[PDB]
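Chain by chain, the residues run as shown.
Protein chains: 4
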Amino acid sequence: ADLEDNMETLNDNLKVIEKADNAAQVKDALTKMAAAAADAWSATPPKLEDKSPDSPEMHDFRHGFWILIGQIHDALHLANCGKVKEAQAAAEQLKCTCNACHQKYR
Amino acid sequence: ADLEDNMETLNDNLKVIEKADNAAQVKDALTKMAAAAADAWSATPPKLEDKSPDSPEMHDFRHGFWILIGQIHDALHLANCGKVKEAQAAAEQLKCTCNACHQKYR
Amino acid sequence: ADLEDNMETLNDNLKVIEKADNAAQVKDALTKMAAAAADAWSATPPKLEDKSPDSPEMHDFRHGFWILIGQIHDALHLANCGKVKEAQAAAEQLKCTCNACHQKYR
Amino acid sequence: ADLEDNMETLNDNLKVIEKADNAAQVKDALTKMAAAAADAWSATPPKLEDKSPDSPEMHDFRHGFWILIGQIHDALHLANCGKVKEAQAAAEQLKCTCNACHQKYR
Ligand code: HEM
Ligand code: HEM
Ligand code: HEM
Ligand code: HEM
Ligand SMILES: [Zn+2]
Ligand SMILES: [Zn+2]
Ligand SMILES: [Zn+2]
Ligand SMILES: [Zn+2]
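In order, the protein sequence lines correspond to chains Z, U, C and P.
Numbering-wise, the first sequence is residues 10 to 115 according to this note's numbering.
Numbering-wise, the second sequence is residues 10 to 115 according to this note's numbering.
Numbering-wise, the third sequence is residues 10 to 115 according to this note's numbering.
Numbering-wise, the fourth sequence is residues 10 to 115 according to this note's numbering.
Looking at chain Z on its own, in the form it has when it is part of the complex:
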């Protein structure tokens, strides 16, 4: 899918985690977010279209998706192990990674 379709998946599933009742709901939404981050990684965003593929800006853009996937790995351990409130708080902290990339490149 294209970059804007993957951003709608990340935004919709963050809202599902905030309102979730149980572990199965939080694990399914975190899994869908990790798949959307892995697919977004191959895109070139509109503000970087004139840059080279190997530019420092394109390295920094791709790096943000590696960081988001490592944060989701840790939150999945909490959601699978009777720490669902701690996993919901971890998902709130993902917003710092979303906002950093938007401020530079959106």
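Quick caveat, the hints were computed from the structure, so don't treat them as lab data.
Treat each hint with caution, since some may be false.
Which copy? The list can't say, so a pair holds if one copy fits it or any two copies do.
[As the list claims (entries may be wrong)] Calculated cross-link-like contacts (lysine-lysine; reagent style PhoX-like; alpha-carbon spacing at most 20 angstroms):
# : residue 1 : residue 2
1 : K113      : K60
2 : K94       : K56
3 : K28       : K41
4 : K113      : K28
5 : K113      : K94
Since the structure of chain Z is already known, use the hints to place chains U, C and P with the ligands on it.
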């Protein structure tokens, strides 16, 4: 994009890194390995076909691909930084993770 | 050695990184922050003096220092590899981890 | 707190994990290993005494302790989650990190 094809991609690229001429060749092989691990994670392997998706065996099988992806993230920092011999030594340490999964599930 | 002294070291070194001109200055400040977080990990804060060491609250308090030290490991690769602006932006993103612990336990 | 004393602590606690009966014994041993690896990071090993503290070899030596502590972080999630057999298998995989540093620098 079946499990056997993803395994071929992992094995061929590990060999490219061992014999590489420069940093560009190491970075391109490590990136192909990470794409194949993200694709392999969705498979149910032949020996676990009779188990639940929520079984402790299927959680441990999926977990090995998350561990491989985090090891590749660190090796990519070394390869991009003028630390090419260090990145080739890190790629040889991935074999620990490959062998642990094979002894249990292949 | 006390928790308040370690917190002053973390805050002072964030300010040094924001004002830095070169890689050596950023790497030195990040290293001092990692040593202060590793010393704070064994402390008990005033609001948790009544709790078991194996309570969920004490597990979550110690977890925040494990997360902070992993974020400093990633920023140190950027600082060593000449990516000074990218290491400064990573240090600004640490504030998310500081703010989350303080809202729960300060 | 010398390098040889920290190494004895790492070796004794690794052996505890292999034949442990319960989660509490595996959590206590992993925590003792993380504190010994953090204290070892400040030492200069006899074979690197004539190198600069900023040499590529001293950066690689320090990096091995950062890698070991990230591996202990993930194994502590499994030991706290009722996944004691999975934590014992993760501890077997630490051996690849111990053996890679010894082959270079011991
Ligand atoms: C969970 C974290 C994230 C959330 C919730 C999120 C959410 C969104 C939303 C709702 C949009 C607007 C889509 C529209 O036009 O309707 C968007 C766009 C965008 N995002 Fe994110 N995002 C996240 C992380 C990231 C990261 C980590 C990066 C970069 C590493 C990033 C880069 C972008 C860019 C470049 C656009 C603009 C796409 C365009 O205009 O074609 N986002 N995001
Ligand atoms: C870089 C590390 C790895 C390398 C080089 C590697 C290599 C291989 C090779 C060459 C095959 C034989 C494929 C064939 O039938 O032609 C294989 C099969 C397999 N591997 Fe891996 N592997 C790696 C990591 C893993 C990991 C981490 C897991 C589990 C988390 C895993 C699970 C399997 C399974 C289940 C099969 C058997 C598939 C079948 O019989 O259909 N592998 N791998
Ligand atoms: C780089 C991130 C951090 C910065 C800049 C920072 C800064 C500070 C500052 C300036 C204080 C006030 C010290 C005083 O009253 O004298 C403080 C207190 C405190 N911090 Fe942090 N902090 C950070 C991370 C954390 C983390 C990750 C945790 C928990 C995991 C934490 C737990 C606390 C607690 C519990 C206090 C209250 C101490 C007391 O009242 O005795 N801090 N911090
Ligand atoms: C859990 C992993 C590890 C175990 C079980 C382990 C165990 C040991 C043991 C039993 C010794 C013998 C000490 C003596 O002769 O008195 C030793 C020495 C040594 N180890 Fe480790 N070790 C581990 C990880 C590491 C790592 C990661 C590094 C480097 C990053 C390292 C570097 C050394 C060096 C340099 C010596 C020689 C010290 C001397 O001769 O003064 N070790 N280790
Ligand atoms: Zn964690
Ligand atoms: Zn590293
Ligand atoms: Zn990174
Ligand atoms: Zn894990």
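Consistency of the hints with the structure:
1. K113 / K60: For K113 and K60, the Cα distance is within 20 angstroms only inside one copy (14 angstroms; across copies 40 angstroms).
2. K94 / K56: For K94 and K56, the Cα distance is within 20 angstroms only across copies (19 angstroms; inside one copy 37 angstroms).
3. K28 / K41: within (16 angstroms within a copy, 37 angstroms between copies)
4. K113 / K28: Only across copies: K113 and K28 sit 19 angstroms apart there, 29 angstroms inside one copy, limit 20 angstroms.
5. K113 / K94: between (31 angstroms within a copy, 12 angstroms between copies)
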